[PDB]
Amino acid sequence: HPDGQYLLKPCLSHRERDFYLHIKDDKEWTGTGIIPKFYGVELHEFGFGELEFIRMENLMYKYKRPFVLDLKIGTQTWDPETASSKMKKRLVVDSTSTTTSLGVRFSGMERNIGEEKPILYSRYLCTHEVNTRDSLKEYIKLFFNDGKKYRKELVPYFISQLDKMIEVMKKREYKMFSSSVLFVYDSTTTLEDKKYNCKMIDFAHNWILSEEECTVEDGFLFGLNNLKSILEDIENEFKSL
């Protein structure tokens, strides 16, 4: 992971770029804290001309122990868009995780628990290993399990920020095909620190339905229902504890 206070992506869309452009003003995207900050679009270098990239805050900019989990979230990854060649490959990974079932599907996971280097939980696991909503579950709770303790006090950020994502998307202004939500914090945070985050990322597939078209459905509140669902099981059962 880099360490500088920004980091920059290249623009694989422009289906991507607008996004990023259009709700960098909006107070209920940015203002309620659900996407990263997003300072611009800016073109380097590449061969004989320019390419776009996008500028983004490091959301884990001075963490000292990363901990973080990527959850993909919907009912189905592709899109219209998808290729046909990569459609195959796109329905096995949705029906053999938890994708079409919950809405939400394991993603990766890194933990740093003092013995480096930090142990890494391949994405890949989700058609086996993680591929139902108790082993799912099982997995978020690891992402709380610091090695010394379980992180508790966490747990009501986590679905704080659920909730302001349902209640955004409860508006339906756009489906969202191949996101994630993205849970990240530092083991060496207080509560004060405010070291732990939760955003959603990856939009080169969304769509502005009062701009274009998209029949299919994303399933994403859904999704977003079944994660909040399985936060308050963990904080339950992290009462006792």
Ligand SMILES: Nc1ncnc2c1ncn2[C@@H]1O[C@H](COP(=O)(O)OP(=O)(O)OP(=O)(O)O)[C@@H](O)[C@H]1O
Contents of the next structure:
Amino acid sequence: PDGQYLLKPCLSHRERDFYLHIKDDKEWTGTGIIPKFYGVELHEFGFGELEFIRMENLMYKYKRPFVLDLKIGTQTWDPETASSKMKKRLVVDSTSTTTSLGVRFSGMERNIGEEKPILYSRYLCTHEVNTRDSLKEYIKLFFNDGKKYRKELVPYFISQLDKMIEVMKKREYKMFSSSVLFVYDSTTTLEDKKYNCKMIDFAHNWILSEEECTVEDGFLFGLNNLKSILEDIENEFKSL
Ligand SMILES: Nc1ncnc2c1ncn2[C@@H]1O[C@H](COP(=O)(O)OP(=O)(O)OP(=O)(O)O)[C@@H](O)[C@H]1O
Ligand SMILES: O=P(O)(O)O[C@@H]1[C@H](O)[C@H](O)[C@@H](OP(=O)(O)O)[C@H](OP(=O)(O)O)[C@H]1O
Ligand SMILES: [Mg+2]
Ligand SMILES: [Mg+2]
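Can you now output the form deposited with the named molecule bound? The one shown was the form deposited without the named molecule.
Below, the chain from earlier opens the complete complex, with every other chain and molecule after it.
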């Protein structure tokens, strides 16, 4: 995460279709809930051209990145998932907080000045981060910049989740294996606004006005659960 942009290759139609579909909905593009979308672009690849999505790099100019990926939904497979992945998906969904909370730990990075950064594997989700309490603890740890808890940032994160909930309440799309990405630069001040919370990874988004998706995503359920964990954190951080 060095430069201004992420140029993400389109390996299927779904992500690019989604971004294109919502590119004029100000509820998607004006609310600050997804990365700024610049456009789909062809770039030379192979004998021809490969399509990419150009979007903002949410960590552009971050000095000490803090990154937390939280995968949202009550399942992480959809009607197109390959049978050869399904046993694993079913097991991970059930042994992580996915089926119980609709949200799971997906990985974290903290840069506390002794770099290299401290990396926290997404595989922790089925053991160390397999309960609501342990998930709460790990989010609190994300807010630990190495010297203190950044309690002043939490209202921003809850406010972002509220906007997400507001739009997803409308149930126009289903989204599987998408995440909410939490980031901040620990050298930020509140005024520098080097912190962010966005929905990402729309490679399995279904546009319900153009196609049927029978299975439920539990997306809204997950966002509410995550919001309530943050609100607990906001309380736990008061005694500090
Ligand atoms: N717009 C962005 N700005 C900054 N970092 C990003 C952005 N999008 C993604 N990332 C980083 O890249 C990671 C993976 O992103 P994403 O989920 O979109 O990738 P992917 O290629 O779809 O991989 P997978 O499906 O395996 O998760 C995220 O956890 C996040 O750390
Ligand atoms: O969502 P997509 O686009 O299919 O891609 C999957 C995504 O990268 C998952 O995080 C990964 O699980 P891991 O994090 O365990 O690697 C999975 O591997 P899988 O095929 O082993 O389930 C991939 O198929
Ligand atoms: Mg992803
Ligand atoms: Mg993906």
